[PDB]
Amino acid sequence: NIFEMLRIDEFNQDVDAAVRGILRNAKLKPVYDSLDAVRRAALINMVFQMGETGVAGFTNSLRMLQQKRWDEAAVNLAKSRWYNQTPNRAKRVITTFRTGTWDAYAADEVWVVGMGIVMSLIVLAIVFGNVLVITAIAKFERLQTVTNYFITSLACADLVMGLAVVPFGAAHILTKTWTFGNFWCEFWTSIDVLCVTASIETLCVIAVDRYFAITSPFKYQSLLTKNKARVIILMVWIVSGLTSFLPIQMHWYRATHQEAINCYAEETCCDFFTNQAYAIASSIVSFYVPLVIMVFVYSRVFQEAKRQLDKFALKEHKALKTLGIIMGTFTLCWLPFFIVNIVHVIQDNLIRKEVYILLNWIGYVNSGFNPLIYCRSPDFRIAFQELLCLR
Amino acid sequence: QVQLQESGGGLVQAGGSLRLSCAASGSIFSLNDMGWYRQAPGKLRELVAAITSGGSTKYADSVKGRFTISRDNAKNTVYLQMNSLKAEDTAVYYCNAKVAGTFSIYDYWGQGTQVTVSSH
Ligand SMILES: CC(C)CCC[C@@H](C)[C@H]1CC[C@H]2[C@@H]3CC=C4C[C@@H](O)CC[C@]4(C)[C@H]3CC[C@]12C
Ligand SMILES: CC(C)NC[C@H](O)COc1cccc2[nH]c3ccccc3c12
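These protein sequence lines map, in sequence, to chains Y and C. My numbering numbers the first residue of the first sequence as 264 and each following residue consecutively. My numbering numbers the first residue of the second sequence as 25 and each following residue consecutively.
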C-alpha cells in the first residue's frame with residue numbers, strides 16, 4: 264500500500280497515477296518487476312517525489328537494483344542531487360532498497376513512541392508532584408509558614424509548566440512541527456518565560472526571607488505576615504509577567520533575518536528566533552540577575568547558620584539545607600541552557616539545535632524535582648504519607 | 025530558646041474574677057498565634073481561648089462570654105480575663121505559643137499557672 268510511507272514524509276489519485284506511470288515506462292517496468300513488494304514501494308516513493316522521467320535518469324542505479332546488488336546501489340544512490348537535497352528523506356529510501364525492510368521508517372517511528380512515553384511520564388511526574396505539594400500545605404494547618412507560601416508559589420510555577428509548557432513543547436518535537444497556530448505559539452512562549460522567571464524570582468525572595476529570619480531571635484521565623492507574604496507573591500508574578508509577556512506580546516523578541524520572518528508568518532513554525540539584544544537582556548533580567556543575588560544572599564544565610572550554631576536545631580538547620588538544594592537544583596538545571604543563549608547568539612551555529620533543545624528540557628525536568636526534595640523535611644514527608652499512603 | 029511564664033493565678037471565691045497573663049520571649053510574638061489551655065483534675069487539656077496574629081479570637085463553649093482573651097504586642101504578653109468563675113473552671117491554665125518555623129509551626133508551652141475556685 265505504502266500509504267503510511269508517504270504519510271511519514273511531508274492523495275490516492277497521485278499514488279495510482281505514479282503506479283501507472285511506472286508500468287507504462289520502458290525503463291521502470293523491468294526494474295519494478297524485479298523488486299520485492301517492500302522495494303517496489305520504495306521505487307514508487309522516488310517517482311512520487313522526483314518524477315517518472317527523473318527516476319529514469321538513474322541509469323546506473325536501476326541497473327544495480329536489477330542485478331540485486333543492494334550494497335553497491337546504496338553507495339550509488341548517495342551520489343546525486345537528490346541525496347544532497349534532502350538527506351533525511353533519501354537515507355530512508357536507500358536503507359529501504361539496501362535492507363529490503365522498513366527499518367528506516369520503523370526505527371524513526373518507534374523513537375517517537377518511545378520518547379513520547381518518556382515525555383508523558385515527565386508531565387505526570389511534574390503535575391502529580393506539584394499538586395501534592397499544593398495540597399499538603401493547603402490542607403494541613405501546621406505547614407502554614409511563610410516559606411511554604413513561597414513554596415506554593417514556586418510549585419504553582421512548576422505546575423503550569425507541566426500543564427501548559429511541557430505537554431505542548433513535547434508535541435512540537437514528536438510531530439517535528441507546530442499545530443496550534445501563531446496565537447498560542449506567542450502565548451506558549453510567554454508562559455514558558457513567565458514560569459521560569461517567576462521561579463528564580465520566588466527563590467530569590469526565599470533567600471532574602473531566610474536572611475531576615477536568621478537575623479531574628481528565633482533564627483528561623485520569617486518576619487513577614489501571612490497577608491504580606493501573599494502581597495510579595497503577587498508582586499513577583501506582576502514583575503516577572505511584565506519582563507516576560509511585554510517583551511514578547513509587543514514583539515520585542517523578533518529577529519530581522521528572512522528566516523525568522525518566514526517562521527513568524529508560518530503557523531506551522533514556532534521557533535524562538537531572538538535578536539542579539541533581547542536574548543542577552545532577557546536572560547540577564549529574567550535569570551542571571553536574580554540568580555547572582557540568590558546565591559549571594561543564601562550563602563550569607565549559610566554563613567550565619569554556621570556562625571550561630573540541640574535536637575530541634577538540627578531539624579530546622581536541615582530545612583535551610585533543603586531550600587539550598589532547591590536553589591542548587593534550579594541552578595544546575597537552567598544555568599547550562601542560559602549559558603548556551605549567550606554562546607548561541609555571540610557565535611552563530613556553534614551550539615547544535617538538538618543540544619539546545621536537550622538543555623532546555625533539563626530545566627523542564629527541574630519542575631518535577633522540587634516535590635522529591637521536599638521529602639527531606641519530615642514535616643512535608645509525613646503530610647505526603649497522610650494524603651497518599653495512609654489516605 | 026523561647027520562654028513562656030504565666031501569672032495571675034491563685035485562689036479566688038466562686039463568681040469572682042481573675043486576669044491571667046503570659047509573657048513570651050524568644051520570637052517575634054506579634055506574628056505568632058497565642059492561646060490558653062487548661063488541665064482539669066482527672067481530665068484532658070481543653071482549649072478555652074486562642075487569638076491569632078491578626079486578632080481573631082476563638083473561645084470554648086464552656087467559657088464563651090465569660091472569658092476574654094487579648095494581647096499587647098508592645099509588652100509581648102497575651103492576657104485572659106476570667107469573669108464569673110465556676111467550680112468547673114478550677115484547672116491549671118497553660119499558655120500556648122504557635123511559633124511558625126521554616127516548614128512547620130512549633131508548639132511551645134508554659135510551665136502552667138493553677139487557678140482554684142472555692143464555692144464558699
Ligand atoms: C495557566 C493555566 C493554563 C494553568 C492552570 C492554572 C493553575 C495551575 C493555577 C491558576 C490559579 C492557581 C490557584 C491560585 C490560588 C490558589 C490558592 C492556594 O491556596 C491553593 C492553590 C491555588 C488554588 C492555585 C492552584 C493553581 C491554580 C489553579
Ligand atoms: C523553546 C523555548 C520557548 N524554551 C524557552 C525556555 O524554556 C525558557 O527561555 C527563557 C526563560 C526565561 C528567560 C529567557 N530569556 C531568554 C532568551 C532567549 C531564549 C530564551 C530565554 C528565556
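Think of the hints as simulated: they come from the structure by calculation, not from any bench. The reader is advised that the hints may include incorrect statements.
Unchecked claim - Computed list of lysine to any residue pairs in SDA-like fashion (alpha-carbon distance at most 20 Å, straight line):
hint: 1; chain 1: Y; residue 1: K482; chain 2: C; residue 2: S41
hint: 2; chain 1: Y; residue 1: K482; chain 2: C; residue 2: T114
hint: 3; chain 1: Y; residue 1: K489; chain 2: C; residue 2: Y130
hint: 4; chain 1: C; residue 1: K122; chain 2: Y; residue 2: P641
hint: 5; chain 1: Y; residue 1: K402; chain 2: Y; residue 2: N623
hint: 6; chain 1: Y; residue 1: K491; chain 2: C; residue 2: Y103
hint: 7; chain 1: Y; residue 1: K574; chain 2: C; residue 2: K122
hint: 8; chain 1: C; residue 1: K122; chain 2: C; residue 2: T140
hint: 9; chain 1: Y; residue 1: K574; chain 2: C; residue 2: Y130
hint: 10; chain 1: Y; residue 1: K581; chain 2: C; residue 2: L42
hint: 11; chain 1: Y; residue 1: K439; chain 2: Y; residue 2: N623
hint: 12; chain 1: Y; residue 1: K489; chain 2: C; residue 2: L71
hint: 13; chain 1: Y; residue 1: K354; chain 2: Y; residue 2: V381
hint: 14; chain 1: Y; residue 1: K578; chain 2: Y; residue 2: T452
hint: 15; chain 1: Y; residue 1: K489; chain 2: C; residue 2: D57
hint: 16; chain 1: Y; residue 1: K578; chain 2: C; residue 2: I93
hint: 17; chain 1: Y; residue 1: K292; chain 2: Y; residue 2: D272
hint: 18; chain 1: C; residue 1: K99; chain 2: C; residue 2: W133
hint: 19; chain 1: Y; residue 1: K489; chain 2: C; residue 2: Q25
hint: 20; chain 1: Y; residue 1: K482; chain 2: C; residue 2: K122
hint: 21; chain 1: Y; residue 1: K402; chain 2: C; residue 2: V26
hint: 22; chain 1: Y; residue 1: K354; chain 2: Y; residue 2: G379
hint: 23; chain 1: Y; residue 1: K584; chain 2: Y; residue 2: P599
hint: 24; chain 1: Y; residue 1: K439; chain 2: Y; residue 2: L422
hint: 25; chain 1: Y; residue 1: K578; chain 2: C; residue 2: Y130
hint: 26; chain 1: C; residue 1: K82; chain 2: C; residue 2: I93
hint: 27; chain 1: C; residue 1: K110; chain 2: C; residue 2: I93
hint: 28; chain 1: Y; residue 1: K578; chain 2: C; residue 2: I129
hint: 29; chain 1: C; residue 1: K99; chain 2: Y; residue 2: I496
hint: 30; chain 1: C; residue 1: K110; chain 2: C; residue 2: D57
hint: 31; chain 1: Y; residue 1: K482; chain 2: C; residue 2: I93
hint: 32; chain 1: C; residue 1: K110; chain 2: C; residue 2: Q27
hint: 33; chain 1: Y; residue 1: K354; chain 2: Y; residue 2: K402
hint: 34; chain 1: Y; residue 1: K482; chain 2: C; residue 2: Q27
hint: 35; chain 1: Y; residue 1: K292; chain 2: Y; residue 2: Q330
hint: 36; chain 1: Y; residue 1: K331; chain 2: Y; residue 2: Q312
hint: 37; chain 1: Y; residue 1: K584; chain 2: C; residue 2: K122
| said: Given the hinted pair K578 of chain Y and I129 of chain C, is their Cα-Cα distance within 20 Å? | reply: Between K578 of chain Y and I129 of chain C the Cα gap is close to 12 Å, so the pair holds against 20 Å.
| query | Within 20 Å, alpha carbon to alpha carbon, are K439 of chain Y and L422 of chain Y? | reply | violated (25 Å)
| field | Restraint status (C-alpha distance of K331 of chain Y to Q312 of chain Y at most 20 Å) | value | violated (23 Å)
| query | Quick one, are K574 of chain Y and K122 of chain C close enough, alpha carbons at most 20 Å? | reply | holds (19 Å)
| task | Sort out whether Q27 of chain C lies within 20 Å of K482 of chain Y, counting only the CA atoms. | result | holds (15 Å)
| query | Regarding the pair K584 of chain Y and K122 of chain C, is the alpha-carbon distance no greater than 20 Å? | reply | violated (23 Å)
| Taking only the CA atoms, is the gap from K584 of chain Y to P599 of chain Y under or equal to 20 Å? | With Cα atoms ~23 Å apart, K584 of chain Y and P599 of chain Y exceed 20 Å; violated.
| Going straight from one Cα to the other, do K82 of chain C and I93 of chain C come out at no more than 20 Å? | holds (9 Å)
| message | With the threshold set at 20 Å, check whether the alpha-carbon distance from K439 of chain Y to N623 of chain Y stays at or below it. | response | holds (16 Å)
| task | Take a quick look at whether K292 of chain Y and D272 of chain Y sit within 20 Å of each other, Cα to Cα. | result | Measuring from Cα to Cα gives roughly 25 Å; hence the hint is violated.
| 20 Å limit on alpha-carbon distance, applied to hinted pair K122 of chain C and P641 of chain Y | Status holds; Cα separation ~19 Å.
| query | For the pair supplied as a hint, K110 of chain C and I93 of chain C, is the alpha-carbon distance within the 20 Å limit? | reply | holds (18 Å)
Of the numbered hints stated above, those contradicted by the structure are hints 1, 2, 5, 6, 8, 10, 12, 13, 14, 16, 17, 19, 21, 22, 23, 24, 29, 30, 31, 32, 33, 36 and 37, listed in ascending order.
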